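All chains should be modelled from the sequences, with the hints used to inform the complete structure.
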Amino acid sequence: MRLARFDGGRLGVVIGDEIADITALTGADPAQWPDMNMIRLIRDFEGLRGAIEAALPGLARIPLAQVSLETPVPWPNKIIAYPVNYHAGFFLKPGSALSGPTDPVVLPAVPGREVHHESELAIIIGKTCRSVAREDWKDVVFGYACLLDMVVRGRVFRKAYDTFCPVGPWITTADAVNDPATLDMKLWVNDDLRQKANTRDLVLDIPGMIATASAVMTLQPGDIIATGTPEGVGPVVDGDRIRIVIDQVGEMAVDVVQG
Amino acid sequence: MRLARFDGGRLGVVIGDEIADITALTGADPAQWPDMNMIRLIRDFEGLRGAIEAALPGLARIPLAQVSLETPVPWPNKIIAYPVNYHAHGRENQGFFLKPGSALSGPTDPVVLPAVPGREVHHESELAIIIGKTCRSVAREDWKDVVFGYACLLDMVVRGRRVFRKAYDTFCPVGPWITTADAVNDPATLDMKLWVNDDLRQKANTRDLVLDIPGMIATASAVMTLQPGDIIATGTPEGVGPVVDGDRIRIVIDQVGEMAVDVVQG
Numbered sequence: 001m002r003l004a005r006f007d008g009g010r011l012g013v014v015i016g017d018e019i020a021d022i023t024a025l026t027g028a029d030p031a032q033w034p035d036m037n038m039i040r041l042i043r044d045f046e047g048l049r050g051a052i053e054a055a056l057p058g059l060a061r062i063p064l065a066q067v068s069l070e071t072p073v074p075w076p077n078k079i080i081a082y083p084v085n086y087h088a103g104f105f106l107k108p109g110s111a112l113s114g115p116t117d118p119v120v121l122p123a124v125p126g127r128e129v130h131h132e133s134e135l136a137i138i139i140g141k142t143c144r145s146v147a148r149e150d151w152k153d154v155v156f157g158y159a160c161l162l163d164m165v166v167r168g172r173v174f175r176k177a178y179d180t181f182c183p184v185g186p187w188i189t190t191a192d193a194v195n196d197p198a199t200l201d202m203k204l205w206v207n208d209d210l211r212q213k214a215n216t217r218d219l220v221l222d223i224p225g226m227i228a229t230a231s232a233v234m235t236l237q238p239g240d241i242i243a244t245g246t247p248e249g250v251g252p253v254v255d256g257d258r259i260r261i262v263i264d265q266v267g268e269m270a271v272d273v274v275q276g
Numbered sequence: 001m002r003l004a005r006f007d008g009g010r011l012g013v014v015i016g017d018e019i020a021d022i023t024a025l026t027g028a029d030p031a032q033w034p035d036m037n038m039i040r041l042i043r044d045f046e047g048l049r050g051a052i053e054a055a056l057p058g059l060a061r062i063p064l065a066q067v068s069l070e071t072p073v074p075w076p077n078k079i080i081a082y083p084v085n086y087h088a089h090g091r092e101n102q103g104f105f106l107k108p109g110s111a112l113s114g115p116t117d118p119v120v121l122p123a124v125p126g127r128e129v130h131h132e133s134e135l136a137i138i139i140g141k142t143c144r145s146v147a148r149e150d151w152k153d154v155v156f157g158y159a160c161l162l163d164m165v166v167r168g169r172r173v174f175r176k177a178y179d180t181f182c183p184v185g186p187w188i189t190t191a192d193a194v195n196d197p198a199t200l201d202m203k204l205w206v207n208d209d210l211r212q213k214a215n216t217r218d219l220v221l222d223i224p225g226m227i228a229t230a231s232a233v234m235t236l237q238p239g240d241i242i243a244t245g246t247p248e249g250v251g252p253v254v255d256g257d258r259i260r261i262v263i264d265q266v267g268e269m270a271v272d273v274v275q276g
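The listed protein sequences correspond, in order, to chains A and B.
Numbers 1 to 88, 103 to 168, 172 to 276, taken from the authors' numbering, label the letters of the first sequence in order.
Numbers 1 to 92, 101 to 169, 172 to 276, taken from the authors' numbering, label the letters of the second sequence in order.
In short, the hints are calculated from the structure, not lab data.
Backbone N, C-alpha and C define an ideal beta-carbon position, used for all residues, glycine too.
Any given hint could turn out to be false.
What the hints assert, rightly or not - Label pairs and their calculated CB-CB ranges:
{"id": "1", "chain 1": "A", "residue 1": "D208", "chain 2": "B", "residue 2": "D29", "range": "47 to 55 Å"}
{"id": "2", "chain 1": "A", "residue 1": "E149", "chain 2": "B", "residue 2": "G276", "range": "20 to 28 Å"}
{"id": "3", "chain 1": "A", "residue 1": "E268", "chain 2": "B", "residue 2": "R127", "range": "38 to 46 Å"}
{"id": "4", "chain 1": "B", "residue 1": "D29", "chain 2": "A", "residue 2": "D218", "range": "44 to 52 Å"}
This is how it looks when you write it as structure tokens:
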């Protein structure tokens, strides 16, 4: 299932080239601030998924062309990021850096420095958990999304700028991904392929990243784990369009603007 | 005004040695999960301050002895920390870093030490700034517009020659309440003290901050949009040292608060 936020915090299920609005069915309030509706939907999903599937046929459907998709989890408890982590410790990103699939990446005017793209697979946590065993990793994963880890090249603050963590365009629920350790990930800048890898080449694998992070911190529904980036990290400039594809997970493209 | 969370996310005003429950008048839902009730009260405080003041004469006061104070903001957008940041000689670095919300702990919760044979866990006493407004690129001269208030903070750390060493559960006690900024005449003149058991271990005054409060606000907001409830840990003076099982850490920040937490081995 593909779960998305859109048009000011509405919740929807993406079906082909349309979105079905589940806001009213789930009792979500898109005016809620801070907006934690997706985190409650994630927490409660095994108790809501059957209801959503049963009601889906009667729900309002809107072409994706006519909505503005948003980042699916706007205020997570934390964003845990593993640097590098592909064959040729963790850090935190601020929730303020999150941006959606229709929002531009806004470059700071950083004299004499470049801003680089990093394509990553995001893990979305589904359960409150601590000290998860490798063998139990599937119990705590809600799903997956595409993530861009934008960075001023040179410090934690260089990954902290607003718009430096695009996440989207939806969450694909874990049941819909056969094996997330076999997925091809691609990133283009304009027409040119710049990064391409398969998650079979993760150094610290998905169960390892969950066991490690949860050994230190209690994880929460909605937490994002950025799993690393392959080779090909490079610069973006004003007017560029970054496209990321992760097979079985999603695709998004974002514009780059000079601030 | 002193604003606190207690007994499962109730909101209260702390009055002497008592607390008045303001949950119903603020429209808070203590069953709310994630619990964002204090953030909403912070965003709306200037609009609700009068309603609180008018209600207080009519509210039942509960002795603090009979409640369990909780950390005041359990799920902030972020926790921004400035390392070190005090002059060692009192008179008049890879930058800020982030701490996970999961590390927050309240004034009645123990600090739980990870099992790290060969390594020590150290205390760090800090003043916390609580942001009151959504803001970006705040000028130094406009700092007061975005500060809601102040709290006591302990920045616990596993010592080594790493972000994860500050990220363990219970490694960010914050409490015991938020003191609203109007109740502090000058937050650049405050004495901060930390004892481990009977011994004074850290003592400083915020006149000795290297990067001052306006600087820390301007620096963090130049990079990130700040949100109501965001915590800025302003740094720690000399005297950082170890805590062990059975220790009691006391922090006092004049005009802001006092709390003490027990230390237990995990």
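Each hint tested on the structure:
no., hint, verdict
1, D208(A) <-> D29(B): 47 to 55 Å, "holds (51 Å)"
2, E149(A) <-> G276(B): 20 to 28 Å, "holds (22 Å)"
3, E268(A) <-> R127(B): 38 to 46 Å, "holds (45 Å)"
4, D29(B) <-> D218(A): 44 to 52 Å, "holds (46 Å)"
Checked against the numbered hints above, the structure violates none of them.
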